[PDB]
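2 protein chains.
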Amino acid sequence: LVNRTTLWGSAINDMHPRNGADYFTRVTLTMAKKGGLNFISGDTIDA
Amino acid sequence: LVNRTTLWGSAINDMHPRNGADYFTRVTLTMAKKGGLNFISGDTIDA
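Protein chains in written order, with the deposited numbering: chain E, 518 to 564; chain F, 518 to 564.
Think of the hints as simulated: they come from the structure by calculation, not from any bench. No residue lacks a Cβ here, since even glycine has one placed at the ideal position from N, Cα and C. Errors might be hidden in some of the hints.
[Stated by the list, open to error] The calculated label-pair distances, taken between Cβ atoms and stated as ranges, are: (1) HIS533/F - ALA538/E: 44 to 54 angstroms; (2) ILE562/F - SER558/E: 20 to 30 angstroms; (3) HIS533/E - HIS533/F: 48 to 58 angstroms; (4) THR547/F - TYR540/E: 28 to 38 angstroms; (5) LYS551/E - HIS533/F: 36 to 46 angstroms; (6) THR542/F - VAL544/E: 28 to 38 angstroms; (7) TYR540/F - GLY559/E: 53 to 63 angstroms; (8) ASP563/F - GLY559/E: 50 to 60 angstroms; (9) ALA564/F - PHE556/E: 12 to 22 angstroms.
[Said to hold, decoys possible] Away from chain E, derived, C-beta distances all over 10 angstroms, residues of chain F: (10) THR523; (11) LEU524; (12) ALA528; (13) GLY537; (14) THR545; (15) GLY559; (16) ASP560.
Let the sequences and hints guide you as you build the complete structure.
This is the structure in structure tokens:
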């Protein structure tokens, strides 16, 4: 006395073998410049 | 059964015999000053 359903399927999701990774790049940002303005608090960034 | 093909020619590519070097100057860009903003990093230089 049990009911059950199942889904199966196949697909492709991967990076291209030739130079696939070279298309992407990462950038990280910071808020530390001397004499900067912190918009979170509204004043100078550590003076 | 080997094929082969060659190219040949003559040309002149050189700077002028008479004071030719006097038509070019090199300029080097410096990027350091007390009140400057770095384009590459986006931060002030020495406050």
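Hint-by-hint comparison with the structure:
For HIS533/F and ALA538/E, the hinted distance range of 44 to 54 angstroms is satisfied, since their beta carbons lie about 49 angstroms from each other. A hinted range of 20 to 30 angstroms holds for the C-beta pair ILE562/F and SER558/E, which are about 25 angstroms apart. The supplied range of 48 to 58 angstroms is met by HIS533/E and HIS533/F, whose beta-carbon atoms lie about 50 angstroms from each other. Between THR547/F and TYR540/E the C-beta distance comes to about 34 angstroms, which sits within the given range of 28 to 38 angstroms.
Between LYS551/E and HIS533/F the C-beta distance comes to about 51 angstroms, which lies outside the given range of 36 to 46 angstroms. Look at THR542/F against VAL544/E: about 36 angstroms separates their beta carbons, and that is inside 28 to 38 angstroms. The hint said 53 to 63 angstroms for the Cβ distance between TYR540/F and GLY559/E, and at roughly 56 angstroms that hint holds. The given range of 50 to 60 angstroms is broken by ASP563/F and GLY559/E, whose C-beta atoms sit roughly 26 angstroms from each other.
At roughly 20 angstroms, the beta-carbon separation of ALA564/F and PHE556/E lies within the given 12 to 22 angstroms, and the hint holds. Listed as outside the interface, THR523/F is consistent with that label: its C-beta sits roughly 34 angstroms from the nearest C-beta of chain E, beyond the 10 angstroms cut-off. Every C-beta of chain E lies more than 10 angstroms from that of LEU524/F, the closest at about 32 angstroms, which supports listing it as non-interface. The beta carbon of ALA528/F sits about 37 angstroms from the closest Cβ of chain E, which is more than 10 angstroms, so the claim that it is off the interface holds.
With a minimum CB-CB distance of about 42 angstroms to chain E, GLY537/F clears the 10 angstroms threshold, and the non-interface call stands. With a minimum CB-CB distance of about 26 angstroms to chain E, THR545/F clears the 10 angstroms threshold, and the non-interface call stands. With a minimum CB-CB distance of about 7 angstroms to chain E, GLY559/F fails to clear the 10 angstroms threshold, and the non-interface call is violated. The beta carbon of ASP560/F sits about 4 angstroms from the closest Cβ of chain E, which is not more than 10 angstroms, so the claim that it is off the interface is violated.
The structure shown violates the earlier hints numbered 5, 8, 15, 16.
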